[PDB]
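Let's start with one chain on its own, the form solved without this ligand, as structure tokens.
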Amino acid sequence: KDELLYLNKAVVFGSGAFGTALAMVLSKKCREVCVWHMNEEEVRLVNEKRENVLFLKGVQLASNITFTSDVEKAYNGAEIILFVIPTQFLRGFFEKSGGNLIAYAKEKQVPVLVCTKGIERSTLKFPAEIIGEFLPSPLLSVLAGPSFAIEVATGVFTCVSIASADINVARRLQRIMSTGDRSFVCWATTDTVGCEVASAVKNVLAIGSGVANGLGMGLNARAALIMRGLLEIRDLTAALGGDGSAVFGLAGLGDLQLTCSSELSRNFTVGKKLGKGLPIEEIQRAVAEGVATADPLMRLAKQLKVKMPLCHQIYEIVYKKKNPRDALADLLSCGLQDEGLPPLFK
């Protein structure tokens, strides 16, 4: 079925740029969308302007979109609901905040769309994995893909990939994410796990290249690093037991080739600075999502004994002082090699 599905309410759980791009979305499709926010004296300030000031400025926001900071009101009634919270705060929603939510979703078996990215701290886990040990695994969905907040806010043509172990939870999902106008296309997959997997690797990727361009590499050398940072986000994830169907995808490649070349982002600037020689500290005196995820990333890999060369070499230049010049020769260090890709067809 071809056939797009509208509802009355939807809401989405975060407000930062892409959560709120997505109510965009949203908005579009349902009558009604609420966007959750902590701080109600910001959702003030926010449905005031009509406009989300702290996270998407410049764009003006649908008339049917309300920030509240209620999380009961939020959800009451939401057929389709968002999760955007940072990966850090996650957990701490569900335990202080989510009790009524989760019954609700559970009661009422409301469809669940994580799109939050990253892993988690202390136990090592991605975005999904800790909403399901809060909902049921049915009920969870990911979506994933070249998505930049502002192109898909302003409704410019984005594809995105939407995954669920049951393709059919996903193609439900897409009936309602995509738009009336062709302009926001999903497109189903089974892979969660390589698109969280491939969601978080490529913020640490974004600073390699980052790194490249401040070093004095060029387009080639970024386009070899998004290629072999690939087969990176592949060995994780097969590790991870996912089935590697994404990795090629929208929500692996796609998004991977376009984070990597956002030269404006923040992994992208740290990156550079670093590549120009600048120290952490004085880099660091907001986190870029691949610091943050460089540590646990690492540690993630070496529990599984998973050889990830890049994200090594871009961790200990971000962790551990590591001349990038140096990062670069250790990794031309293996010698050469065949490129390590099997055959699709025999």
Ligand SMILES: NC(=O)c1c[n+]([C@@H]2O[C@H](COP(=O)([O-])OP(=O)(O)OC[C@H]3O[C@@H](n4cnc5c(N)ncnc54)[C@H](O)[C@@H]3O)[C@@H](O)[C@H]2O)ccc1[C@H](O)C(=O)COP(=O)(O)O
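C-alpha atoms forming the largest set that superposes within 1.5 Å between two forms make up the rigid core. Positions refer to the first chain, counted from 1. What changes on going to the form solved in complex with this ligand:
- Looking at CA displacements between these two forms with the core superposed, a shift of 2 Å or more is confined, among 299, 321, 50, 44, to 321.
- Positional change of residue 215 between these two forms reaches 2 Å or more at the C-alpha, relative to the superposed core.
- Relative to the superposed core, residue 175 undergoes a Cα shift smaller than 2 Å between these two forms.
- Taking 2 Å as the criterion, residue 268 counts as shifted between these two forms: its C-alpha moves by at least this amount when the rigid core is aligned.
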Second form
Protein chains: 2
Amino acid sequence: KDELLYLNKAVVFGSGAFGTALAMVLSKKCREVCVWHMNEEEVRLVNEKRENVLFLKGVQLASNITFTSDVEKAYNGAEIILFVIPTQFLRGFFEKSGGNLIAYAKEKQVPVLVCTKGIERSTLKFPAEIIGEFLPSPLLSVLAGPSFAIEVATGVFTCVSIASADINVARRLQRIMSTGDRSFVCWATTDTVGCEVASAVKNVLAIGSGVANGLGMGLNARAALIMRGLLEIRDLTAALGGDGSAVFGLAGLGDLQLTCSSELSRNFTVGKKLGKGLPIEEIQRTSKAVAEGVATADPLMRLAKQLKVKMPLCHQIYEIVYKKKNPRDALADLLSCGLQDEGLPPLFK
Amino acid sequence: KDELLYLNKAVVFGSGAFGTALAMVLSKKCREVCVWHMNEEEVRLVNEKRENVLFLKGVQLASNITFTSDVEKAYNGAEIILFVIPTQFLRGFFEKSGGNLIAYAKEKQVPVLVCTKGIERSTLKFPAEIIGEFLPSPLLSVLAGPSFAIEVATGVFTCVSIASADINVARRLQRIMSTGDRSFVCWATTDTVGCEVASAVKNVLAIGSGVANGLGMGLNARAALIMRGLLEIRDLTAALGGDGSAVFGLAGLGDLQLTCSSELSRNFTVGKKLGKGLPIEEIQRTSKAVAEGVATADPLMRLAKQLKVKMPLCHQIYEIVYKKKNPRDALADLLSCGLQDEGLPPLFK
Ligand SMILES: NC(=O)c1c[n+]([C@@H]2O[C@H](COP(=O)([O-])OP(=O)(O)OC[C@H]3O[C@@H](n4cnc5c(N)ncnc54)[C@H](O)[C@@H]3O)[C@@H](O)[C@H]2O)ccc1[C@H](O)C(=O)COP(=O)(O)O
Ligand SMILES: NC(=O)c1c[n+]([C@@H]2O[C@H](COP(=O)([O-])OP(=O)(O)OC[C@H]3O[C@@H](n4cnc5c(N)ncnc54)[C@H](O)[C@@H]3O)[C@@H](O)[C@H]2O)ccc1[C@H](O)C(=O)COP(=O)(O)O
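So the form solved without this ligand is up there; where is the form solved in complex with this ligand?
Below, the chain from earlier opens the complete complex, with every other chain and molecule after it.
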């Protein structure tokens, strides 16, 4: 079935750049799209201006997108639910505001699409695992790929993966999310673990790429970091029981290479500033958008230690981000290994 | 052993941007480096200016680099030979000027490092196979990775792969080419087929990335092209009997992602101009540097046909370059497939 599905209503819990961008996609597919934001005064401003002046400036909202601070008005009648709340705020949302949403989603068996990327600080859980404490796992699918919000929001060609345990669920969602003007194209997979691992780790690597840039290194170095970094995604995926199909697909390779290669990435930008010598405390004090890699770096290290997975690049980035290791010392220690084989396994016999 | 090796002399056959860049690397490892160039008047100019004003403007040559037009003086006493002559000119060099060089390399068993990328028009041969008509296989190794000439020549951090059938040869060359200031770092491998396929095909794909950019597409689109394109490298590598370890290594993923992402790529730049509406004939007449993808695209299609390997992106790129196909029509034909699975095989159970 290559034919598109359309809905009466979608709800997006996530008022940031990406939640808004995905609301813009859904506006083409749904009669009505509701976006939930926590602050009522800010909601009124966004609705009045027909522009998310908080988190996606310069993009006029479609008329069929409405912001609200009322969780129940947001989800009522929704036929798909998207979560795009940043990782470290997801749990709080369900604890504070999620009770009746949970009962609704369960009652009406509403598909949930997790678009958040990262690892939660103390629990070491991926976003879908956080959500899985509150909602049944069969309702949960994962969206992941190279999808900068500004390009997605304005309908510039974008490919993403949708992962679900059951491939027929992924294929249905692919028909809901994909657009007939071919601006947003989804590809189905079952590798939910590979998708979420790649998504979380790629943000940490992107800080590394930004550090390289800030230190005055070039495009050759960036390419080397992407290539060696993907190995870390691959090894963690294997240790966590993922089948690894996502690693060299849109969620892994595609998103990793995208995020490591542009200042549009908030994580890249954090890296650049660290490489130029700013402390993380000042970066984060003056930042108006979430850089998930910052909070992910520590729980990623703890998870990898637990599973005995060596992640040399992510380890040094963690040292820079959380232990104030001078980026030049981190670089030196990274390259202290001496000469080696590329060391990749054959794909073929 | 990971201690560096130093030579008395190296010779580089290839006076272009990359040959000159690699001579700059070798000037750190060798007492003397000779670069062969076909034209004596231009040789005198380069030597006088202490700058390759023909093909690498703005970079001052090390004092221990000398250009020459005399083949026999170039290789005399050299303990490594690099070939960096563009693919379509390699054969002519051996037929017209290579007789004594060939005897020297054989008699003294001098390691030869092939740095040229592409596929030769009539024969469908990779650069090491062309050279392999004249020099025996145990002397041939291949250099491949994300290594833009300007960054290499000026000592900005670069990683490359060196492939040889015997891993011990590759590891020896790695010790000769890698620098102690850690500016140029080599990784050993045996996947010579994978390296050379990736090197040839990535140039064609880079034209495609350029076309996307010239058509006004964004970074999300670029990431998708890189991800899908690598599958074509992978499939062709399998058909040609490579073990595929290089596909997601520096030669494949690394070099592809680099070349598809920067106007420093000659092939990207050709693509961009094609995407903007310029005919290939105008591009080629105002071109001051080789775009290997242009000439490669034809034999690449013939080889893929011969092997029954589908290469959907490379096919459309070939149509744009050789058959006057409107880039917008090529894009439409690419995007007419309907919704699919990502369809990558698992790496693990
Ligand atoms: N922005 C993107 O391009 C992008 C974003 N994501 C993910 O989307 C998630 C949402 O982040 P966002 O980009 O929408 O973030 P803003 O920083 O734009 O929004 C902040 C939201 O958080 C709320 N918020 C802020 N503070 C609080 C507190 N204290 N409490 C509760 N709620 C709060 C606020 O009200 C907004 O709703 C996050 O997990 C990202 O990893 C995935 C895909 C893409 C891209 O493919 C991508 O991955 C981009 O890479 P990158 O390197 O990430 O740019
Ligand atoms: N330039 C690079 O950054 C680069 C270049 N290469 C390869 O190096 C090989 C040599 O190319 P070059 O870049 O040095 O090319 P110039 O165009 O700089 O030199 C032309 C040479 O050809 C001679 N020449 C010119 N016309 C003739 C004729 N008619 N007869 C004989 N000899 C001739 C001339 O005298 C020079 O020696 C070629 O196969 C490339 O694929 C690999 C690695 C890198 C980079 O990683 C890389 O791959 C770059 O990607 P890209 O997309 O390619 O930019």
